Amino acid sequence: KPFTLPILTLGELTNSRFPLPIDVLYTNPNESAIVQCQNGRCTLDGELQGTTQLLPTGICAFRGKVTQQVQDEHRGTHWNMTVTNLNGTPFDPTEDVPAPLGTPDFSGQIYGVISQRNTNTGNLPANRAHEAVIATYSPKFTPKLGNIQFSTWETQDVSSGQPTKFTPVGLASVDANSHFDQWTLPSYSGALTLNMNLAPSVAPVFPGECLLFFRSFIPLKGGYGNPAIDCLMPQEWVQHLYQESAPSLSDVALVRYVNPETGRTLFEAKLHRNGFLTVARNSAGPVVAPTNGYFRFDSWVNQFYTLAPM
C-alpha cells in the first residue's frame, strides 16, 4: 500500500501539540534543547507514540473529578483533581504510555477553563466554569499517577466530587518566572520518577540540516510576549498516517512543498520514518510560503540523500 500525505494547505492544518491553527512553517537551527515532544508523534506507518491521540479536542485537555481544595504557599486558590482517560474510563498507570493521552508535553503555566456538570440532579444538574491554570512543572503535576492540581482566580465556586473538564486556551504568562519552555517535558510521575514509554528524541543526522516545524502562536492571559508552539507534524498528518497505515519503504520519504497555482516546488524536505521533517536551511525563523501550498510525497530515499538548499 503506497504512502500518501493529505492534500491540505497550511491554512487547513492544525497544531498537534496545542489546539491552534498552524500559522507558519519555521526553523531554528541553533536550538540547544533536545527535541522530544510527546504529542503529535506518529511514525510514517501510523503508530501513535508518546501521549499522542487522535482527537483535536484531546490535545492538552483533561477529564476527571475534583477531590478537594488544597493548601499551597503560592497565591491563588488551588484544587486537586483525579484524571481519567479522555473518554471517562479510569486511567491505567500500568499502560505503556508516559501519561494519559493528550496530557500536555511541555513546561509552562497552561491557561484554560475548568467546567463542571454535577452528577446529581427539573431533574437537571448544576453547572459552573471558571478560568484556571495548570503549572505542568509543579511537583503536584502527576498525571501518570492519576491526579493533578489546577488553580483559579475564583476562590469558592468549584465543587468537590463532581465531573470536571479542562478546556485549554493558552498560557497564563511567559515571563522570567513562568517556566515556559516548549521543549522541557513535565515529570509525569513527579520529581523523583523517570518519564517512561517516551516517543524518541528527534534531530537531523545529515550535516547542514535542521528540523522544520509547523508553528502556532499561543494566546496569553496577560503580560508581554509572543509565545509559539512548534509541532513536528500537524494533527491532520497524525490522523492520516494512522488511518492509512502504509508501510515505510525506507527511513526517509522525500517531500516537496508545491505551489499548486503555478506548479513550482518551493523547497524539498526529508520526512523521516519516526515522523518529523528536516530541511537544508541555514536561517532561523518563519518560512515565507503561500498558505495555498502543500507538501507532496515524491519518493522514498535514504539518509544520505542531499537536499537542495532552501
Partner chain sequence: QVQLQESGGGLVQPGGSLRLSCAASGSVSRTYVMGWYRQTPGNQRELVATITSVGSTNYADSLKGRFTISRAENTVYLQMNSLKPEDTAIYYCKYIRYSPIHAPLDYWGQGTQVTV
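Numbering follows the first chain given and starts at 1. Residues that one form lacks are left out of the comparison. We call the rigid core whatever largest set of C-alpha positions still superposes within 1.5 Å between the two forms. What changes on going to the form solved in complex with its partner chain:
- Listed alone, 282-284 marks the only place where three or more consecutive residues have CA shifts of 2 Å or more between these two forms on superposition of the core.
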The other form holds:
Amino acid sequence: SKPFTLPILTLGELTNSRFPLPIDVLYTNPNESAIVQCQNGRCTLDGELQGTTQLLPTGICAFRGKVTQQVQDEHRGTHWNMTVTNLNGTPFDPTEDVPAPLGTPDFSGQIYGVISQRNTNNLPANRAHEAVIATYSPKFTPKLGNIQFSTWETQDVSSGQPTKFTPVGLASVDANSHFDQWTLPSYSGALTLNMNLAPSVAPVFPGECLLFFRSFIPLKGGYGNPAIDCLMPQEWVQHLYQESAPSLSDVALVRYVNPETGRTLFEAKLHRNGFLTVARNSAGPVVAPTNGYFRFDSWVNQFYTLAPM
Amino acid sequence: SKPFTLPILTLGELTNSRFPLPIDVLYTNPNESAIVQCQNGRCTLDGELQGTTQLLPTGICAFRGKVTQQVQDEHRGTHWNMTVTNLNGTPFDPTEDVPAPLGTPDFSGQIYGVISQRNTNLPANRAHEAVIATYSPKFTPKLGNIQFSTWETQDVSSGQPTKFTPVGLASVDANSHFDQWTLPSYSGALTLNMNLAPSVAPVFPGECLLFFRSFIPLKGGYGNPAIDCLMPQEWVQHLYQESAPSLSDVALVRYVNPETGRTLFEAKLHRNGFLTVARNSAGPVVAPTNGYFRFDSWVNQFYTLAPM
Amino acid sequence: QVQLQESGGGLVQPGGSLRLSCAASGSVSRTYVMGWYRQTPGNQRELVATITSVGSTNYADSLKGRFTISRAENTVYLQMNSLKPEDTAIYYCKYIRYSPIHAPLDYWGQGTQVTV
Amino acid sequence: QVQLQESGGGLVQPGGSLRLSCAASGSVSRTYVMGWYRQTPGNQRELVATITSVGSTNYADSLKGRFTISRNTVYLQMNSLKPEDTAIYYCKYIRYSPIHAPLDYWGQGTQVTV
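Output the form solved in complex with its partner chain next; the form deposited without its partner chain has already been displayed.
Expanding to the full complex; the earlier chain stays at the top.
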C-alpha cells in the first residue's frame, strides 16, 4: 500500500481550514465541554472529504449567488435575500448528500465580510460593500439554497446580478451576536435537522485532550480576542485528499520536530477520522517554536500511551 | 533523482498565487504584449521560491504592522501611515535579499481591502474599508513603510496591531493606473527594485505564455479586470516541498480529462516556473475545469508543441 | 517475527520480591510498547503494566504502585514487590511492533509461572 | 539504445524531387522527436524537418515549404530541389523520459546530390 505521509510545512506555513487565517498557535483546553463537530477542515487520513469541506482556501466561509430582493428584518441595517449556488457557479442541489454548499460557515455568529457584484453582459458595472451574515438567523438557510445578509449601505445593492461574499472576520462577539465556534448553524432553518454531518470528535482516553490549530479572527468592532480552532490545517486537507493513502490503523503516531536541532519536542496521536490528541500537563496555547512541523512516525493503537507534552 | 511531480488538483481546485482568488480559466492572448515579471507566485521547478513569494494563501497581497499617524495626501479620503513587518510579525530587514516583504502586492493599482485592528493588552477592535495605491511614492514596503486611505475619517488607532485583508481593486478607471504587469517601485520614487525574480517569455516564436486567470472584484466603476498568474499557489506549495531535481530546461505536461483519460492539449512547463503553448486562438481556453496537468517527460527546445 | 525471552519466575514466599525480564529480538521496531499481562485460573488475561519506546507507562489501576516497569532498547523489567498469594498467576510478556508501513503486530511470551 | 536505419537519397537532376526514409528501433520512447539535419563541408549541420511523437512538425524556414515530413518511422519529401540543397542528410532521434535527461541518437547519413 502507498505509505502515509504529512506535508513538511511548518506552523508558520499553515492556514486555518475553518476561516481564511494563518495558523497562529497550537492550543488545548481541558475545560471545554462543547461537542466538537465542525464541518469545514474535515478529512479522513485516507483522503475522504467530509461535512462541508472543500479544497479552496478562498472557498472557506465564502458564498456565491445572486440577490433576489431587499427584505425586512429585526436586525439593524439594510437586509438582502440572496440565493446561493455551489462555489463553482453550478446550481446547488439540496438533495445531494451534503449538509450545505461546500465552504458554508460551520459556526454560529455574525460573519463580517465584503459583498461584491459584477453585472452580467466588456465594461460591466461593479459595486462592493461591507456586509454581515448572521448564521444563527432563521433566514440562514444555505441547504435550502437561500441566505440573508445585511449592509450599512442602504440602497446600492443590485438584484439578479452575480454576487460574491469575501469573508474577513466577525462583526461582533457581544451577547446578541451569538458567537460560538462549536454551535453549528441550522443549515435548513427552523424545525429541521442537519444532514450528512461529519461526526463529532473526542479523545478515546481519559487524560488526553484534543489539540487544535488556532487562529485569531478579526473584529469589525467591540471588545474581545476571538479565535477559531480547526482540527487540521487546510494544507493537510489538500495533502490527504491527493495522497489517499490507506490507513493501516485507527491512529497515526506523529512527532512535533524542530528542524534546526532535529529533535522531538512532543508527540501526538493523529486519529483516522482526522484530528489530533495529546497528553499534556498544561493548558491553553502551546509554547513551541513556529518553525516546528509534524512528522509521521508509525501506525499505532490504543495501547500506545502518549508522553506528556 | 527524486521524480518530478505536479499536484493532481483540477482547475476548479486551484487558487491564484498573485491575489486571493480561485482560478477561473486558463488564458492566452496573442494580441497582448507585456514584460511579464511578476514577483508573487514565483517558484522554480526544483522548489526555489523567488521574488516576494511565500507559501500562505492568506499572505498574498496582505500586510501587517502598526499605524504611526494620520497623514495628508492629494488623493481623496483620509490617509494613514503604516509601518509594515514580515507577515510572521518579525521586523522587516531591508538588507535581506528580497524585493520587499514577502506577500507584498506585485502590480500597479489601487488595492481595495479591509484594515483591521486589535489593541494590545478583552481589547478594543475596529475595521474599515481601505485602499492602498501601489504606484504612490508613499508605497515604500522595502523601506518598511506604506500608506493607506479610508473613507472613514477618524476611527483608526495609532501604535496598535494592524492587518490588511485584500479583497479586490478600488477602481480601474483612467486615473487608477491599474496594470498587472507593471511592478511597484518597492523603495519609492528615486530607487531601483532589487532582487527581482527574472522576466519570463517563450523561447520559440510560435509559442505564447499560458496563464492561470482569476477575475478580481471591484469596489466601483466599470470593467472586468483579471489577475493572471504563472502557476497556481498549490503548485508553488507542492514544488517547494518536493524540491525534485530538474532534469532539463523544460517539462512536457499534458492537460488531461480525468473522466475520459484523454489528452486535451499539451504545454511546456519551463524550469523557471511558467507555461507555454502553441495557440493561435485567444482568450479563455475552452476546456473542462475538471481537467488537470500531468507531467509526461523532460523535453527540450527541439520538441515542437502541438497546436491547440 | 519478534522473539521474546522471559526470565525471573518461580516460587516466592509472601512478602517477597522478584524481577521479571523480557528481551526482544528478530523483527523489533523503533517504536513499540512492552509490558506484562497476567492471567489467573478462570479469569481473562488482564493488563499489569506496559511502557512505550519513549518511556511512557500505563499500570493496572489496582496495583497502586506496588509494581514498577522500566527499560537497553527492546528490553523491559518488571519489579514485583510485596507479593501475595493472589499474585500467583502466569505472567506474559507482550511486545507491540509498530511501523509506518504495516498495521500493529502483537507478540506474546510463552508465559512464566509465579507462585506465591 | 536507439538504432537508426536510413534509405533513399542519391543523385537527382535540378528541379527534381526525391524522398528520404528513416526508421528507428531499440529503446524507443513514447515521447520523442524524429527528423533530418543536413551538412555540407565548412557549413554547420542544419535542421531540415522534424516531427514529434504526436505528429507536430517543424521546418527550416529557408526551405520555403518545399519540404514535407511525415510518419517509429518517418519520411521526408523534398520538392523543387536546387544545387544548393546538395548535402549529406542525417536522421536524428531524441529520446525523452520523465526520469532522465533527453538523449540524442544519430544516423549514418545519406548523400544527396542535385
